[PDB]
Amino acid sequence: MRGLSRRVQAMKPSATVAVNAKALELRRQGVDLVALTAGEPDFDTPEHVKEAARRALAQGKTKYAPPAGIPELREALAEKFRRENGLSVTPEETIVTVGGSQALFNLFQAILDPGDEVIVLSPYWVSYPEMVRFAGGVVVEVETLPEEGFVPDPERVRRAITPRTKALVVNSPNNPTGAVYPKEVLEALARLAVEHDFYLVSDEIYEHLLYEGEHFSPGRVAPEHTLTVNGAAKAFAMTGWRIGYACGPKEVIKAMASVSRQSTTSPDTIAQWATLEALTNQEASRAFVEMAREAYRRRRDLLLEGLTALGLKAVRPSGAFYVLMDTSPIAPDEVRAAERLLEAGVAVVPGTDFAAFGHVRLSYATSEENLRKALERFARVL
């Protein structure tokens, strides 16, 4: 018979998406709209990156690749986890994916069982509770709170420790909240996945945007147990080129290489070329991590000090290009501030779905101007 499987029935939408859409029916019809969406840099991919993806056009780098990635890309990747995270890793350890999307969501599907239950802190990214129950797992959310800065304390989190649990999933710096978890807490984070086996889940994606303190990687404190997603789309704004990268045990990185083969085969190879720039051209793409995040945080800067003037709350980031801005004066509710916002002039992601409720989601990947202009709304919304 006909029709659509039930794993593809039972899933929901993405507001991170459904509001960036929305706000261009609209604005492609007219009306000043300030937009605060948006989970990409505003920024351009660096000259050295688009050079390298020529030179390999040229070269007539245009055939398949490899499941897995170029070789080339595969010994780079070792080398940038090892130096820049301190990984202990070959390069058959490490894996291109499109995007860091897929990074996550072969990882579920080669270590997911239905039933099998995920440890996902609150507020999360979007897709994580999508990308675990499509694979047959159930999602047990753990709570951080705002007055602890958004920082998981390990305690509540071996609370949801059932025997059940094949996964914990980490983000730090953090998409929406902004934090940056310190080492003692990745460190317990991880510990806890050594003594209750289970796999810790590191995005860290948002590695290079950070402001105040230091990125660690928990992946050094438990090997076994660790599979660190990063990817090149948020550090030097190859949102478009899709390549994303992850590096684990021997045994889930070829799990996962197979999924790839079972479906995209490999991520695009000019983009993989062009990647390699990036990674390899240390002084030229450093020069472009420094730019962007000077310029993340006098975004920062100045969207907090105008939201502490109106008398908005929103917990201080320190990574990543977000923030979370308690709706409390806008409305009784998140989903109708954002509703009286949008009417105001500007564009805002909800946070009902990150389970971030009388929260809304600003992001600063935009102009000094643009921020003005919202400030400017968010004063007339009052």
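Numbering follows the first chain given and starts at 1. Definition used throughout: the rigid core is the maximal C-alpha set that superposes within 1.5 Å between two forms. What changes on going to the form deposited in another entry:
With the core superposed, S14 shows a C-alpha displacement of at least 2 Å between these two forms.
Core-superposed comparison between these two forms: the Cα of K63 travels less than 2 Å. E25 shows a C-alpha shift of 2 Å or greater between these two forms [criterion: core-superposed Cα displacement of 2 Å].
Let's see the other form, the form deposited in another entry, since the form deposited in one PDB entry is already up.
Only a single chain is listed, so you will not see partners or other molecules.
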């Protein structure tokens, strides 16, 4: 018999896609659109990393790499997690993947049996429920509130724990809210995992894009229950290179490497050598991160002041490069709100797919010049 599997037919349809299509006709008819939709840095990847790629090419490093990643990168990763995050991990508890997205995918494929439950905190990054469902798991949503700065209340989370809970996904700094979770909240979540015996999946890819507070890694207190996911994408403007990394309990990391062996074999060899440079040349990487961080902070402050002057509400974000804006004054729901803004000349992402109803995600990984135009046009819509 022919016909698709059930797992692939069970995939839900994005509101983002449909607003994006209308964005493309507008452009076809010559309409100038200001896009605040980016999920990646506007900066190009730093030259020290590009140069490392050039050396790897010239040195013929174009052959297959081990499934868990080249050993030198695994060693550098053990250093980075300890030095930057206070995580006590060995090179064998580290894995290189095809983007942080594959670390998450492999992780779920490795720990979920059909019916296993995963608590996700909304608003959430679009891929989490998807990856959980694709592996036969059940998504259990716990909401975080705008009045609470979108920071989870451990009390609301306790209520979602059942005997089938396998994992809890935490993402700080958060996409799409921009919230940075206080260390006390993270310690509280790590304690629930230990007390109830489940895994804590900590998605820390925005660790370096922080404006205020401190980035705390829950693996500091519960290393045997925590799977730390990270990568080079957001920090070093390496989204198109597809290199992510994770660390955690030895047996789970080994399983994750087995999944890679049967799927992608190993991430691109040239990209692994380029990432090694990003991790070992701390001086040049630090310079890049500080430059981007200052640029982002300026842009964020510029945006928030403008929204506030318009009377528009957004919880102030402390990290990442996103702002969740309430759309109530623009339309009855967020898709209608996004279509209206499109007509005004501004492309934003509807909050539907993230479970951020009545909101729209704005991204400030653009130039100030573009943020000024966008504010001018919101003005018109009001």
